[PDB]
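Encoded as structure tokens, here's the structure I'll be asking about.
A single protein chain has been omitted from the complex, and every remaining protein chain is retained in its original position.
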Amino acid sequence: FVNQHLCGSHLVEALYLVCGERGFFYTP
Amino acid sequence: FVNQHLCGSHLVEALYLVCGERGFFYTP
Amino acid sequence: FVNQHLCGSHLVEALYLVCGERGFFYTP
Amino acid sequence: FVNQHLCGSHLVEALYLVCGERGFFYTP
Amino acid sequence: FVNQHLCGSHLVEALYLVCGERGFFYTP
Amino acid sequence: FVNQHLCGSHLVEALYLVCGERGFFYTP
Amino acid sequence: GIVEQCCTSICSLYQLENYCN
Amino acid sequence: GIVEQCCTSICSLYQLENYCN
Amino acid sequence: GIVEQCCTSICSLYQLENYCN
Amino acid sequence: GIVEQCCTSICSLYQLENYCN
Amino acid sequence: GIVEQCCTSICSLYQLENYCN
Partner (left out) sequence: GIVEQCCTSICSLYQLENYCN
């Protein structure tokens, strides 16, 4: 599960930038 | 707006850790 | 050793948030 | 206090890299 | 100079994502 | 390719700190 | 919202839990 | 979901746009 | 340069593309 | 130590509290 | 401490070495 935890951290940082003003809904 | 952009990056990283398996809904 | 280096980066970010005003002692 | 919180996040990431195998002691 | 240091950290993370396979040239 | 993507994110953060005022040229 | 709430004054981790799904 | 989709095989920024609100 | 351009006023992702190789 | 403990198997935030000062 | 030292004025990587164990 550690690899998925590390990956998720990067996913949320990318969504923040990609989505801008829209924001996003993160669920694993 | 730059300060808010920088802050938002940190907010999303904190929500990722705090919320765990639940995930979260980010909207500025 | 690369995987451990990447993991450590995330460990220290989590300790920063979890520990708050107390701070923490990181040693690999 | 928000600016100090944001700064601290970066301080701990820098200490992680600078200190390597030694680790470090973070206290605000 | 601290604010610019913190901002630069975020600029390089954004360039990494935006530029993909092309990479980028960072100079302050 | 995911592992390389995650690693690259950390490489660019390290180059930012190591290189300081010089900046750097990132290409995968 | 969260930027107004947490980017001028500091938010606790407890406050941030409100935004969890 | 996104972890299954994007943590074994790589996702494009275009794919990530699906999760924007 | 990029710090002068993007650290006082905000830059779009489109503006940041100028610095890609 | 923490790398051995938390880099192969996942650690809870509760486990990480042990390393707080 | 380090926040007072390094969050208003900038610290060199050399200064940060003081906090290494």
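Think of it as A, B, C, D, E, F, G, H, I, J and K in the order they're written, each chain with its own count starting at 1.
Everything that follows uses one rule, which is that a residue touches a chain if its C-beta (ideal position, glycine included) is under 8 Å from a C-beta of that chain, and two chains touch if they have at least 3 such contacts.
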For chain C, which residues touch the unseen chain?
1-2, 5
Touching residues (missing chain, whole complex) on chain F
3-4, 7-8, 11, 14-15, 18-19, 22-28
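One rule holds for everything that comes next: only the chains that are shown with their structure count from here on.
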Could you give the separation in Å between the centres of chain B and chain J, each centre being the mean of its C-alpha atoms?
23
Return the residues of chain A touching two or more other chains; collapse runs of consecutive numbers into ranges.
2, 5-9, 13-15, 17-18, 22-28
Which positions in chain J are in touch with at least two other chains?
6-7, 13, 21
